[PDB]
Each structure stands twice: as structure tokens, then as C-alpha cells.
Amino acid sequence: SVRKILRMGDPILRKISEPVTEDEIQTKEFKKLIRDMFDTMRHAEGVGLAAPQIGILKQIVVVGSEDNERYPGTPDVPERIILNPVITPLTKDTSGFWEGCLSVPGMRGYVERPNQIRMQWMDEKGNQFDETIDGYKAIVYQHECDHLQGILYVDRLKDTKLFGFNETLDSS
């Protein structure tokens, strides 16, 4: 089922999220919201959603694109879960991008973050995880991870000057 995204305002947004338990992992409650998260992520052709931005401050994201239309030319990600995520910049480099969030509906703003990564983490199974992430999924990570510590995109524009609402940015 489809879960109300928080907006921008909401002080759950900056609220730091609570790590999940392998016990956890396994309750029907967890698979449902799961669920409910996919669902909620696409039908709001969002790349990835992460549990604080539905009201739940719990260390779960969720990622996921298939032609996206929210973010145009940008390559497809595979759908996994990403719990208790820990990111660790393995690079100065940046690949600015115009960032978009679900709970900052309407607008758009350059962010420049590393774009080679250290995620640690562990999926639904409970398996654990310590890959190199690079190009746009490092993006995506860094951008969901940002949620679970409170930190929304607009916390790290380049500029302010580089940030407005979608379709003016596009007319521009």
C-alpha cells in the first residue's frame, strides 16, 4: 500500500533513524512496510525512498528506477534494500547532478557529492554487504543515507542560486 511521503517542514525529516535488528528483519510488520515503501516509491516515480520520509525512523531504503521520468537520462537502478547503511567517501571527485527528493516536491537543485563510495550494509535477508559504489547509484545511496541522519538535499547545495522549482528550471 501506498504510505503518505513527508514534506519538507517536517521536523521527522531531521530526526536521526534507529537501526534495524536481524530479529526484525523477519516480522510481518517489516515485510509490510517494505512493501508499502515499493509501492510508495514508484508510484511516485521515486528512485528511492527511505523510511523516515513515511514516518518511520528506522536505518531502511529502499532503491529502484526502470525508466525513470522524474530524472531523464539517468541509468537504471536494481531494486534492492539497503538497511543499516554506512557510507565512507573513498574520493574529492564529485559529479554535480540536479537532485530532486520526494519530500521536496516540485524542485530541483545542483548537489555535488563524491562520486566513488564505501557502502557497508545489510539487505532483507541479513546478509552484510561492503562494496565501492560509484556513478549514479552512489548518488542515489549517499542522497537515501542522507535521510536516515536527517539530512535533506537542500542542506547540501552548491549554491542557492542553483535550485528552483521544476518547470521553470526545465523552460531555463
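Residue numbers count along the first chain shown, from 1. Under this definition, the rigid core comprises the largest set of C-alpha atoms superposing within 1.5 Å between the forms. Compared with the form deposited in another entry:
Taking the core as reference between these two forms, the lone member of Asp67, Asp123, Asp130, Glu29 whose Cα moves by 2 Å or more is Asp67.
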Contents of the next structure:
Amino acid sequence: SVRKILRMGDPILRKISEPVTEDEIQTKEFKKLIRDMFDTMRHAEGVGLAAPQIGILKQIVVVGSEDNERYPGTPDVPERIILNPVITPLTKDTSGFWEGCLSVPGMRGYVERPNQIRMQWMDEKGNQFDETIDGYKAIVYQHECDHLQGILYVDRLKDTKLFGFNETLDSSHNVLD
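I've shown you the form deposited in one PDB entry. Could you give me the structure of the form deposited in another entry?
Keep in mind that what follows is only the chain, not its partners or any molecules around it.
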């Protein structure tokens, strides 16, 4: 089921999420939350969603873009469940990106995050991962994990001048679209 996505200003979005116990990843409550998170993320046309965004303060993140692998210019993100993630930047190098957030509807801002990170996490099967992530996925993962620390991208804007409403930003900076 699609759940309500909390918007910026809601204190929950700024709380710290607690780790998920392996003793709860097989429960129906967890499986339901996961399904609900994917429904919500997809219905909202997002590429990622963190549990706190729907009011659950647990270190649970679902990501996934659909049909972007063969779509030029639009990076894909394989669907997956990310639990108890821990990210460590591997570089000072950053890639700027006009990020948006389901909890900050109608806006976007320029954010520069390390373009190479180390992420440790567990999936819904209890599998443990420790990989080097880069590019787009690196941005998405950091964005998502920030949520688990009560951090929104507006907290990381490169400059408040590079921030605004989608339609205003679109109509003020045109391209051959």
C-alpha cells in the first residue's frame, strides 16, 4: 500500500533511525513495510525512499529506477533493499547534481557529494555487503542514508542560490528540451 510521505518541516524527518534487527527481517510487519515502501516510492516516481520518509524511524532504504538501463542520459539504479547502511566517502572529488526529495516536493537544489563511497549494509535476506559505490548510485545512496540520520539534501545545498521550485527553475534555465 502507498503510505503518506512526510514533508520537510515534520520533526520525524530530522530524527535518527534505529538499526534493523535480523530477527525482524522475516516478520510479516517488515515484509509489509518493504512492500509499502516500494509501492510508495513507485507511486511517487522516486528512485529511493527511506523509512523515516513514511514515518518509520528504522534504517531501511529501498531504491530502484525502472527501465533506465537502456535509456540514454538517465542513470539506472537496480531495485534493492538497503538496511543499516553505513557510508564512508572514499574521495574528496564530487559530482554536482540537482537533487530533489519526495519530502521536499516541487523543489530541487544543487548538491555536491563525494562521487565514490564505501557502503556497508544488509539486504532483506540478511546478506552483508561492503562495496565501493560510485556515480549516480553513490549520490542516491548518500541521499537516502542521510534520511536515516535525519538529514535532508537542503542541509547540504552547495549554495542557497542554487535552489528553487522546479517549474521556476525550468522556465528560467531553458535548453533544447
